[PDB]
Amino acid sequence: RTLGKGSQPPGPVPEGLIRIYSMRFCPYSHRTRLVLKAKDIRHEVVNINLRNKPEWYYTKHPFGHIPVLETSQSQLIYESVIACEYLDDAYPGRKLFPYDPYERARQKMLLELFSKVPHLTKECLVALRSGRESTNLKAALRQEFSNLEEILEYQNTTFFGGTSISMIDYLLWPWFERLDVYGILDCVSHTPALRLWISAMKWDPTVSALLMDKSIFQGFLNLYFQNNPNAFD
């Protein structure tokens, strides 16, 4: 249940735990939650009301952004990519980034290639939900997906880092999970390797464990676009 304006600050993070400040429908926070689960890290999730934030939350992030990690030593780490990096380095078990410094750099280069997708998927949703023109936004998204399709086809591997899932896949996933409910699943109709990747991801135990309830997510979006503040509670 989300904490907002009026909520008491949480206590210190206990030794042996790490805390993530999140919101159940935030795709950036979804990234970091995937990495936490995939590495079997003991953690607690504190959800934040993004419309009416707790004033104390600005002591966690100066602009009240999520996700933020808080450690038992009162250290704050943000935002999603830096947090995922930290978790992979700080918790030795099941390394998600590659062993090879070049391959790690390549994954970060792939992440840069992906940089327009979050904005484009969001703008697609807003356009479709507001009845505004979406042809250009979908065309732009299809082009970014073609760039990713070319990588998978060239490599001839199911995932972006090889035959097994790795950090880069989890970093991209949240926006692909959302294509269906956003009404833009048709934007991968020209990219068969990407469609295989989507399925491969759904079969991943960590992805499967964190899959959103589609009906609840639709309910959230409906109240969000009604400007109803209760959408964030």
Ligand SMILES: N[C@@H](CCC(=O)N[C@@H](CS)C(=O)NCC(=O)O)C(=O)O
Second form
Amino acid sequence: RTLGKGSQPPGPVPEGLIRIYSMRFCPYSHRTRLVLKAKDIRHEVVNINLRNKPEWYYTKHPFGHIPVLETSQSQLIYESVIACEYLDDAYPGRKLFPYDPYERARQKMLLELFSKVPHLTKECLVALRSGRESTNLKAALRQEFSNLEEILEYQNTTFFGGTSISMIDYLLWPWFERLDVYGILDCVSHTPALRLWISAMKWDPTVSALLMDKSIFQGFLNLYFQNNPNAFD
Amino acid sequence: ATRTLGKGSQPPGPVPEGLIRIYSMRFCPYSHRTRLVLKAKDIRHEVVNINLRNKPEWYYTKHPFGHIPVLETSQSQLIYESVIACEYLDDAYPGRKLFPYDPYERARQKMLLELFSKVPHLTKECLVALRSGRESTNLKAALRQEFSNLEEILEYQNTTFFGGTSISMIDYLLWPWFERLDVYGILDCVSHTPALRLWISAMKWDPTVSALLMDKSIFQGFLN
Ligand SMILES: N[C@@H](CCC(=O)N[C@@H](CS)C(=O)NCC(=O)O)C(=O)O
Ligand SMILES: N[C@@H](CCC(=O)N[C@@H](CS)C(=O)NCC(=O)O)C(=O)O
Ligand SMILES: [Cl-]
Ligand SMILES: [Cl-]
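Okay, that one was the form solved without this ligand. Can I see the form deposited with this ligand bound too?
Next comes the full complex, this chain leading.
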């Protein structure tokens, strides 16, 4: 259950566990939850009410952002990209970043190329749910997706890092999962390799294990856009 | 310390095996950053300076929007921009490692980099304001606040440098903008942060920093 204003601090993180502060429908914390699951890392999730944060939560992140990792040695790591990197370096089995220093750098370059998508998807959602104009937002999103489509087509690989799923794919995934519920799946209608990638991601055991419940997510968005505080409980 | 390539210049040839190329500009702090790392790790490299106000047409095959810095390898690979380049260099080349080996300490340096993220733009805005004779009290106050965040870290850690008792990657990633405070006329923005002033001195005493340290009158002359 999500903690908010009035909730007591959780205790220290047990030895042999790492803690993630998250929220069930936040795509940034979804990144880091995929990495935790993909690496079979033993963890606990503490969900936070973003509209009505616990006052102690500002001791985990100064502006109360999520995600934050908290270790059994009381160390704090944030936000999502830095957390995912730490996890891959700190935990041994299944390495998600590639071995080649160049390929590692290329995945980080791809991540920069993706930097407008999160805000564009969110603005599209808000535009469609308020009845505001969305022609420009969708054209913009389609252009960002064409930039990704060119990479996949040029490489002739299913995934962004190659034939097998890797760190970059998990870093991009949360926003693609959301296209359906956001009502913007039409924004990949011009990008066939990207549509193949979505399907490949859905078949990934980690992705599949973390897929949101569509109906509950729609219910969250319905109360969120009515400005209801209960949306975050 | 060599001439800059502009519009109508010829494309450079392939980077020879055993060298790496950096596309830079002599007074660009983002490129300065990457040049510091090249030098600190004793990496054999060539610096190719680009005319940012009149870019070579070919340079857009190195970066789609003609940004610097860019690294170009003997394998024809392109790596950009400054932070990704710095990390690539530290991982791809052996010898002196600038990031800590420890995953947490390494992540912490990246967190410090993020805390610094407003400083580059604020320093530039302060320069532009002071040079054009425009308002700057609020820009300076904002810069002092970011510098207070950095002061707090050094004071809490009680170490000379941001990564501990010796210089490491994080210090080199921050340095370019601090070198520039003097010439920018905003040294007064560290008058309240004593650990930060000590750090400025520690940095100037570092051999790599000192080797790349701009001549004040030359830099003054550029900014005209
Ligand atoms: N750049 C950060 C962004 C994280 C972020 O903006 N998370 C959202 C939740 S999805 C947040 O902390 N928002 C809280 C708020 O707006 O009050 C990252 O990559 O993790
Ligand atoms: N985010 C990049 C920024 C690089 C950058 O903005 N460099 C400046 C020169 S110091 C530049 O390319 N400006 C010229 C332009 O915008 O075309 C980095 O971290 O290196
Ligand atoms: Cl699908
Ligand atoms: Cl000094």
